[PDB]
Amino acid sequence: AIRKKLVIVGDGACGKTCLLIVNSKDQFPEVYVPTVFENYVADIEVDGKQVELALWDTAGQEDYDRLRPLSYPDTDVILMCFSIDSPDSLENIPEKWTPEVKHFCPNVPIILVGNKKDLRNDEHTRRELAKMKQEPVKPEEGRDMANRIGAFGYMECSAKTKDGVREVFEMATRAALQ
């Protein structure tokens, strides 16, 4: 069996847990959205290869600088998230999450994911940001960040609609195999 390890990193409530739930289930939590995602092995196929992809959440670990690294050893691929509806989350990619991921996982492929893509055109969202002289992150901004951090690839999805979720993990699995 080809066994690979994935750890998802990023700011809190940029929907890490929710992203992992829809992928592993192939469905968005309809009646109730869980807070808890346990360490879980997803079966995923790419380029003709069956892969056991171990999924690790870090939701809850954002404030504990010495509990976080515990999840890092033996990682095969890092899913670094920001939320398109929070340009704060994006500035935090170069500022917090990549120096940390590059320190504890040297040479491990990183894929950059902008979640909540379904909020680039939300009117309610647009207003809130225009308050603090901000706006939903543009595709080129996410792709430019992706080039600057030396990411394997850049991806966007919406956990709500499921759009891009499958492809997110497909990409992450190819990166793990590289």
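Residues that one form lacks are left out of the comparison. The term rigid core refers to the most C-alpha atoms you can superpose between the two forms while keeping them within 1.5 Å. Positions refer to the first chain, counted from 1. First, how it differs from the form solved in complex with guanosine-5'-diphosphate.
Core-superposed comparison between the two forms: the CA of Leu119 stays below a 2 Å shift.
Relative to the superposed core, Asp26 shifts its CA atom by 2 Å or more between the two forms. When the rigid core is held fixed, the Cα atom of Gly60 travels 2 angstroms or more between the two forms. Once the two forms are aligned on their core, the segments of at least three consecutive shared residues with Cα displacements of 2 Å or more between the two forms fall at 26-36, 59-66.
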Contents of the next structure:
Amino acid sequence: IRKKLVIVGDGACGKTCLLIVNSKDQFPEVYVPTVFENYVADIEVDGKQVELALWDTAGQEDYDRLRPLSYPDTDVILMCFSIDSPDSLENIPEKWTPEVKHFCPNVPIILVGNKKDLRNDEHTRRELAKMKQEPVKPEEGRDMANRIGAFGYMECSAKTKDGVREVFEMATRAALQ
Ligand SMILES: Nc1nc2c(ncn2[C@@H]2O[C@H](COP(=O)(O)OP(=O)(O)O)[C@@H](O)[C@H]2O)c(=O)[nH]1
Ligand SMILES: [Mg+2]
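What would the structure be for the form solved in complex with guanosine-5'-diphosphate, given that what you showed me was the form deposited without guanosine-5'-diphosphate?
Every component of the complex follows; first up is the chain already shown.
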């Protein structure tokens, strides 16, 4: 019934907005805190009633120094990149995976691709095209999930709310395990 979630991944990949949406059911359009803190989510996940504490983290450089304090006792990690940022995805196996395996060796990981609303967005496609990039594809996220040993790969959009609910239900399932 009481479970701990930690969410990690590159600066600006949409972690805080994802937690705010899960929690308050509305995307923050103007103000967004660096970290959304102290929130316990009530989740029903079939059978029990879970209280899922949501522990947000950050970088932007020095928030680096505190992040380690987030991992004691976690039950489930959401490890994020954004679908508008091929760069964010390479950081998964390069940075976030070693960091989390180090601090939380056997805790289940859900790999999440955030900003799914941008995958056909015109300005995004233009901006990436100029670098000979394109939005991350679902196949890529699934194979990264495979590679790093994740419990599963999911996509969502905090902006439209599509897929958010399912992220937290699967994380809750994972944490119960
Ligand atoms: N298009 C779009 N932008 C989003 C989405 N989620 C967050 N953003 C924007 O992405 C930027 C970073 O968000 P934030 O949650 O602070 O990321 P954090 O540094 O990972 O916590 C902000 O400008 C958010 O509005 C999303 O689902 N879709
Ligand atoms: Mg943040």
